[PDB]
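Presented below, as structure tokens, is a lone chain in the form deposited in one PDB entry.
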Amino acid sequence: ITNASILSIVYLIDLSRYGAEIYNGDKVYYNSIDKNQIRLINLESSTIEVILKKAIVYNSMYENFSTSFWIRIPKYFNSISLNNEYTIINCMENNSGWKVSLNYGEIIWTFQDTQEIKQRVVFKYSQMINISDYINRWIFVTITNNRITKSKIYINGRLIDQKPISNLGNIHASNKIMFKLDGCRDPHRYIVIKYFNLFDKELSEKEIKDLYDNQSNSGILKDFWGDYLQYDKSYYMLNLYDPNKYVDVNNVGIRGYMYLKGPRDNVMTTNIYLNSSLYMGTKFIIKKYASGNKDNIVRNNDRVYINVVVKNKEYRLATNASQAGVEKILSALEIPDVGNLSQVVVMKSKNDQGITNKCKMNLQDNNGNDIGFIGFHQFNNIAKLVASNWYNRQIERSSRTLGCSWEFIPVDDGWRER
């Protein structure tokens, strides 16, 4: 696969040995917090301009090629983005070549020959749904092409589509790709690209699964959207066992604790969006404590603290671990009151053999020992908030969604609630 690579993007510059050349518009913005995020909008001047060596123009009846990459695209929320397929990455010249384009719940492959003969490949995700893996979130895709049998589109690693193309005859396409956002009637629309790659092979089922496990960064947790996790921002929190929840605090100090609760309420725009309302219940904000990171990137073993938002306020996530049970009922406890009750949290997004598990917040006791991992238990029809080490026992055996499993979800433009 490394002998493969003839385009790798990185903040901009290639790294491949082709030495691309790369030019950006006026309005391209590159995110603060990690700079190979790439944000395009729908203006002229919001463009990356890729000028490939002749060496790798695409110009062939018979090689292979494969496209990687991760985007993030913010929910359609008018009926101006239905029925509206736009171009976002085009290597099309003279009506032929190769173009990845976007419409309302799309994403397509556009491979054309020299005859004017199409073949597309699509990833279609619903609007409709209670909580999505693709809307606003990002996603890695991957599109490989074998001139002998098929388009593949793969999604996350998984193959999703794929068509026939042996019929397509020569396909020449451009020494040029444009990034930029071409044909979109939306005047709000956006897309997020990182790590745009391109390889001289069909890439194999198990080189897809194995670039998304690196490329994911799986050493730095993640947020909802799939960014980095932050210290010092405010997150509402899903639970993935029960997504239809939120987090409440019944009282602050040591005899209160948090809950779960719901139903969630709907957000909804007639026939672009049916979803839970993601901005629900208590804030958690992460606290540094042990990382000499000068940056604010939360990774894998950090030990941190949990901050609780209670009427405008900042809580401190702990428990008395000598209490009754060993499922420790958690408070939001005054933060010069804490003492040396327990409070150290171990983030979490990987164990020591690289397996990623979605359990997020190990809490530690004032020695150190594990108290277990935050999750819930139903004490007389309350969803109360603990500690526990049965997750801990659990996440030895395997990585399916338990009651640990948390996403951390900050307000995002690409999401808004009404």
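Positions refer to the first chain, counted from 1. Rigid core: the largest C-alpha set superposing within 1.5 Å between the two forms. First, how it differs from the form deposited in another entry.
- For the listed set 214, 266, 251, 115, the sole C-alpha moving 2 Å or more between these two forms on a rigid core superposition is that of 115.
- Annotation: Cα of residue 57 displaced by at least 2 Å between these two forms, core superposition.
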Contents of the next structure:
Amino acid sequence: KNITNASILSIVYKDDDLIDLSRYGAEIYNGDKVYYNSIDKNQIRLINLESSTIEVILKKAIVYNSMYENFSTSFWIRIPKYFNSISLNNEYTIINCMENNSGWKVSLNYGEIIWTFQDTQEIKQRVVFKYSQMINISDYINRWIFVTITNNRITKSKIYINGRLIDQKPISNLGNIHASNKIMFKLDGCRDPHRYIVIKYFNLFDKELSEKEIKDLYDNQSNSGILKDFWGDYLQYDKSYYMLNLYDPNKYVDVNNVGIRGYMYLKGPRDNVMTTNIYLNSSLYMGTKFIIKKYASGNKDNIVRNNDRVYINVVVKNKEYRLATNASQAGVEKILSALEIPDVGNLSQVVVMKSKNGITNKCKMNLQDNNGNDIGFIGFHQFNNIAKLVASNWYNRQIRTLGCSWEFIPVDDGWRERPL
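Next up, can you give the form deposited in another entry of this protein, since the form deposited in one PDB entry came first?
Shown below: the chain alone.
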């Protein structure tokens, strides 16, 4: 509540332009090469060209010398995977608030997010969040990250990642820090010509936010009633997704045969994608693609929301089939099939999409019969040496990471894969 009262700058897209949602009406000038996402116009893409800039000029009325002695900043960022060795040891600024090399800045490097304070004598202080690109599945590479930095010139600068304290360093051993009236959003000194960032909801606060305020800010801007894909964008209808099971990520979905005599199952291992000394990850663009189809969502847009009731279509050899099961089979594990859409009949197929209950959970798909009864969340079961996909009320009772925990993965420009 008093988090909006501490705002001195709050950038959002509104009615065909970026505007300040604080009461101080900062001037905001865009370059010719700034882009906005058509599904979420608050997502701002800046590329590595001189004309891809956002310059903010704060009104002189709100600029005073000690305005950055006690203040915080928050924003979301999505950083595409580094793939070129020119990016190693190439620190580059993305948010600059400095005059004569004094002030504060946010910068990036290979697997790093960096906050830097710098007085007029060139005494720097940095706090850093580090993530590796040598990792099977990363929570950070090309996925939306919530960043918060808090500053108290008596004590410490602190960087938080997804509401969690990462690094903290004292900033009391610092001289005079200039207070610029300008914040420059721009990739400054990046040698990767194809580098870009995506940001949203940049905020400036006139106080050092607590852990509690940071957590609550992370949760509100997380939109917990909307389902997310793997990258943290809104999950969507009529969109193709590769499936990743969070209990067994070194697997991908395959279909034995279409029809009621067949089944879907987790097959492994995944291939690796690599560039020597830059990254080594599991391939994400593998296996049978899922498509979510509207059944009873009345909302006109294509966004999947908590409790939406849907059909799941399954792509096999460029043809769509219907995920379904005969719930009358014996046992609580109901093996799933991929049926010709005309042949579904009265078999169970209606799926309740879940993001939370208000406890958020990664188990996304609760299959129902045609009388409103739970058949179970969609996961898998080890039958001998084959892990077949099932719906099972066992999951519903347990509801940690379970076999029903899934991520939906679309092809994204920030994660490029090329086989052979």
